[PDB]
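Please read the structure below before turning to the comments.
Other chains of the complex are left out, but the ones given are in their true place.
The chains carry the letters A and B, assigned in the order they are written, with residues numbered from 1 in each.
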């Protein structure tokens, strides 16, 4: 896995040259905006359970053919597996948000997931819908202005939405 | 590559749990040290060529036999001097990489891993590089926490060689 600093260092080593002033300034800017990233990660981690539960409930209300007898989520075991998968996806999205780079999310979670779901028979469209609902809930929780210092988090929210959409597109 | 953020993420991932407060505290400590880290990195990058030339010259003065003995692994000709300058430049550049990344990940991955086998195979002495690193530490011209960080990484490299 690679974060921003590791990515820049890797490109510089591949080209075999010292870091210039522009790269150092960009890394200084990345360091300066770390408190907002820590707040976003903390809020998502704290509200993960409610996010997952609400997203699952909404998904099973929108597509009732999953919980019907014979569905892909009709047992306690398969329902537990579905909830576990959604929690895993949210956890890896949080990991990518903390790292600042989608390398870990693409390498440890989304690598070969579509083929696994195709072999098992899991419908990818429902998973994408659940991921979108989780994205909306997490974005709404992150931008809550109560009990926090006022500031600008537009880039962070856009990046988090980018990770969520990447996961949804990679699983669909 | 081994950085504090990736180390914390890997520690959290091997247990299948979310990120706790300890990982966030570690990342915050890295962010606090980043100021001195970048200060040291800028200071070392700005005077790279002078430091490389001085460290080479110090190695040549302390071990005068490296410029007179006839051999493939000695700097008695232009090719050997070019190789020595290239090696010292590699050392300084990787130290700068480690300073920027915030950990010894670049040092362990690019330089330390496999160093002993190379030094034995090509008949190179770690004492030459130890002397060059000692000159660099004595003449990098920093003060405070930036100097502390630079000295810490230089001592890590020296202990790897020794």
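The working rule: a residue touches a chain if its C-beta (ideal position, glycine included) is under 8 Å from a C-beta of that chain, and two chains touch if they have at least 3 such contacts.
A.B. asks: For validation, list the number of copies of each labeled chain in the whole complex.
C.D. replies: A x6, B x6
Everything that follows uses one rule, which is that only the chains that are shown with their structure count from here on.
A.B. asks: Can you check how far apart subunit A and subunit B are, centre to centre, with Cα atoms defining each centre and the answer in Å?
C.D. replies: 36
A.B. asks: Can you name the residues of subunit B that touch subunit A in the complex?
C.D. replies: These residues of subunit B touch subunit A: 1, 3, 5-6, 8-10, 12-13, 17-19, 23-24, 27-28, 31, 34-35, 38, 41-42, 45, 48, 93-94, 96-97, 100-102, 105-106, 110.
A.B. asks: Quick check: in the complex, which residue numbers of subunit A touch subunit B?
C.D. replies: 1-3, 5-6, 8-10, 12-13, 16-19, 24, 27-28, 31, 34, 38, 41-42, 45, 48, 91, 94-95, 98-100, 104, 108
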